[PDB]
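A lone chain, given as structure tokens: the form deposited without the ligand.
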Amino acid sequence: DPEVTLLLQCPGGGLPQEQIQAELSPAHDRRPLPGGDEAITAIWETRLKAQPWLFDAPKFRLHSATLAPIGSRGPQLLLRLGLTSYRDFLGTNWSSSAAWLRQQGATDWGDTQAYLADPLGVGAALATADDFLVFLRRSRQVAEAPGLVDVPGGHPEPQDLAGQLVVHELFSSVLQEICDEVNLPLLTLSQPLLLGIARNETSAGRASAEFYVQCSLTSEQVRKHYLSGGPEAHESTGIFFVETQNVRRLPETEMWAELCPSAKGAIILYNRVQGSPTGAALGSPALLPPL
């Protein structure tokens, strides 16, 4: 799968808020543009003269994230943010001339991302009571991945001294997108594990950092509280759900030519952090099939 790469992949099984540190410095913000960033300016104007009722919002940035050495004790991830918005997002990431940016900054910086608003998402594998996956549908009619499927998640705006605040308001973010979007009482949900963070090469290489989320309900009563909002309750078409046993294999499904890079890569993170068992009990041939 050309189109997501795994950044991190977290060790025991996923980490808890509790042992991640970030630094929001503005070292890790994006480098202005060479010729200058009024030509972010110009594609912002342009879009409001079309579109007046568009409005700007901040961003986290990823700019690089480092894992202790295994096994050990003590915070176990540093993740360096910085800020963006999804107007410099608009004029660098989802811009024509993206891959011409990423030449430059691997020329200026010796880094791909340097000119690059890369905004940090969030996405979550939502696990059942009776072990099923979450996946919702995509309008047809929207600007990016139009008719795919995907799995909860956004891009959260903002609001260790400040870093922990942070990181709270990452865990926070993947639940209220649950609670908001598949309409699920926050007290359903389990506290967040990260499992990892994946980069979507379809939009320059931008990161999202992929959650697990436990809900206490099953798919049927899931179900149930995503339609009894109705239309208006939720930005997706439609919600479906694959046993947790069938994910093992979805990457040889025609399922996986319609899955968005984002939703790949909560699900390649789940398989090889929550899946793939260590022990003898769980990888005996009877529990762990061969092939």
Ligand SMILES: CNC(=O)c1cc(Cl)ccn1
Given for the second form:
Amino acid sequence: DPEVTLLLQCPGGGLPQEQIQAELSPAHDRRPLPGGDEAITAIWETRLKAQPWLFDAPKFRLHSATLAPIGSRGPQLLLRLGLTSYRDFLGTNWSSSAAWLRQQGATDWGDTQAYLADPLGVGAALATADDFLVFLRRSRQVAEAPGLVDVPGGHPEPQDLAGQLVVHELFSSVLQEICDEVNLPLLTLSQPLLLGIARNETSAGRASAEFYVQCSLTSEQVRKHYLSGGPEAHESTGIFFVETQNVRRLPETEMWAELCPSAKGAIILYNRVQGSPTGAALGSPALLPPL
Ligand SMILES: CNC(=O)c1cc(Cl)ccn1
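Let's compare: the form deposited without the ligand is above, so bring in the form deposited with the ligand bound.
The next block holds the full complex; its first chain is the one shown before.
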């Protein structure tokens, strides 16, 4: 799977909000382009003169994420974050020249991402009360990953002593994205656990935080809530469900070739962090079938 790389695998089955610190700093921002940020401005102008209803929005930038020594007390993860924008994304990661920017960042800064917007995404492995994960089909008419399978998520817009408010907005945003797109009541959702961070090598290495969320409704009830919104209540064109039993071998199925990179990251991290039992009971052959 060359289109997805794991940047972080969380310990202990995944991390709750109270165990994560963020450092939001202009030291974590994109570096100005070698020939100047006028190249980004020019791409944006061209785009607005064809689609004048488009708007810019601020986004979080991932610089890096450092895990504490395993088994330790106190905060377990430090997220180093900057600020970027949808406009900066369109002029860097989305650019035809994105590979040239990665090579220049290696040369100039010893950092393939130094000249990339790298907006932070969020995604969920969302499990039902009857033990299915939730999948969504993308429109065949959108610019990114048309017609592919996705999981719930999005790219949060901003608004440890401003750090804890930033971690809160990240955890809040994955629940909000489930309520907005799947049309589930907020009171049917667990507090999220962070599973890890995955990079999309098809979009020049931009990263998504991947979470586990449990719903108290069954697959049939989740379907009813999604469909009862009508075609205008969701950006996706369909919902479907796979038994957690069968997620284990998804990379061996014909579905795998249809998953967008950030959804592949969510399923790999679900399989490594929530699946793959460590103890004698769940690791017994009748409960963990060989092969
Ligand atoms: C229309 N696309 C988006 O809203 C989007 C925004 C960002 Cl920041 C990254 C990828 N896609």
